[PDB]
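Guided by the hints, dock chain Z onto chain S, whose structure is given.
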Amino acid sequence: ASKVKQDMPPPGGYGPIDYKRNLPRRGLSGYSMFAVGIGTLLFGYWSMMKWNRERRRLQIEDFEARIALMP
Amino acid sequence: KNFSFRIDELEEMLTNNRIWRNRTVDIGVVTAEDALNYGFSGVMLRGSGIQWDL
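From first to last, the protein sequence lines are chains S and Z.
Per the UniProt record's numbering: the first sequence = residues 3 to 73.
Per the UniProt record's numbering: the second sequence = residues 249 to 302.
Isolated chain S, as found in the complex:
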């Protein structure tokens, strides 16, 4: 009547099983990374140049007010 029934793989077997190492490269050349670093450094230098010159002018103004008040 009944037939044999035990744990077996399904007909045709199972699907493929990945085992190879997969460490993909995100990707950015050393030249590009160094260029981005240098570019942001240059932008910061320019911004600080303008701001510190403005600060010098403000300090000179404050010094002038003090000089006017001294006598």
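Please note that a few of the clues may not be correct.
[Unchecked claim] Pair by pair, the computed Cβ-Cβ distance ranges are: (1) S/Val6 to Z/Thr263: 56 to 62 Å; (2) S/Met35 to Z/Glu257: 22 to 28 Å; (3) S/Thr42 to Z/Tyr286: 51 to 57 Å; (4) S/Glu66 to Z/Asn265: 55 to 61 Å; (5) S/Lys5 to Z/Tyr286: 37 to 43 Å; (6) S/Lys5 to Z/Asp282: 21 to 27 Å; (7) Z/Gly295 to S/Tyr47: 47 to 53 Å; (8) Z/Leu262 to S/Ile62: 37 to 43 Å.
[To be verified] Sample of chain Z residues with no beta-carbon within 10 Å of chain S, all distances over it, derived: (9) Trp268; (10) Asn270; (11) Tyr286; (12) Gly290; (13) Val291.
Simulated from the structure, these hints should not be mistaken for lab results.
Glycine is no exception: its CB is placed at the ideal position from the N, C-alpha and C atoms.
Same frame as chain S, now just chain Z:
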């Protein structure tokens, strides 16, 4: 069918990490002749270039 990604994550945390490499590279170097004469087996052999697997 999902374990290879776990091994990949392990490798991403360890394989190319410079702290890990500085902790492991050139540590406990054993020659093939010493590995054989000292009774080693398994990876302790195969890490030294001996081609052996039971």
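Outcome of the hint check:
1. S/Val6 to Z/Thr263: 56 to 62 Å: At roughly 47 Å between Cβ atoms, Z/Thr263 and S/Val6 fall outside 56 to 62 Å, so the hint is violated.
2. S/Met35 to Z/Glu257: 22 to 28 Å: holds, 25 Å
3. S/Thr42 to Z/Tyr286: 51 to 57 Å: holds, 55 Å
4. S/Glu66 to Z/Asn265: 55 to 61 Å: holds, 59 Å
5. S/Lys5 to Z/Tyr286: 37 to 43 Å: This hint is violated: roughly 57 Å between Cβ atoms.
6. S/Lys5 to Z/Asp282: 21 to 27 Å: Given about 59 Å between the Cβ atoms, the range is violated.
7. Z/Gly295 to S/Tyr47: 47 to 53 Å: Between Z/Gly295 and S/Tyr47, where Cβ atoms are some 51 Å apart, the hint holds.
8. Z/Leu262 to S/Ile62: 37 to 43 Å: violated, 59 Å
9. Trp268: holds, 14 Å
10. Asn270: holds, 20 Å
11. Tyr286: holds, 31 Å
12. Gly290: Its Cβ never comes within 10 Å of chain S, the nearest being 21 Å, so this holds.
13. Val291: holds, 17 Å
Of the numbered hints listed earlier, those contradicted by the structure are 1, 5, 6 and 8.
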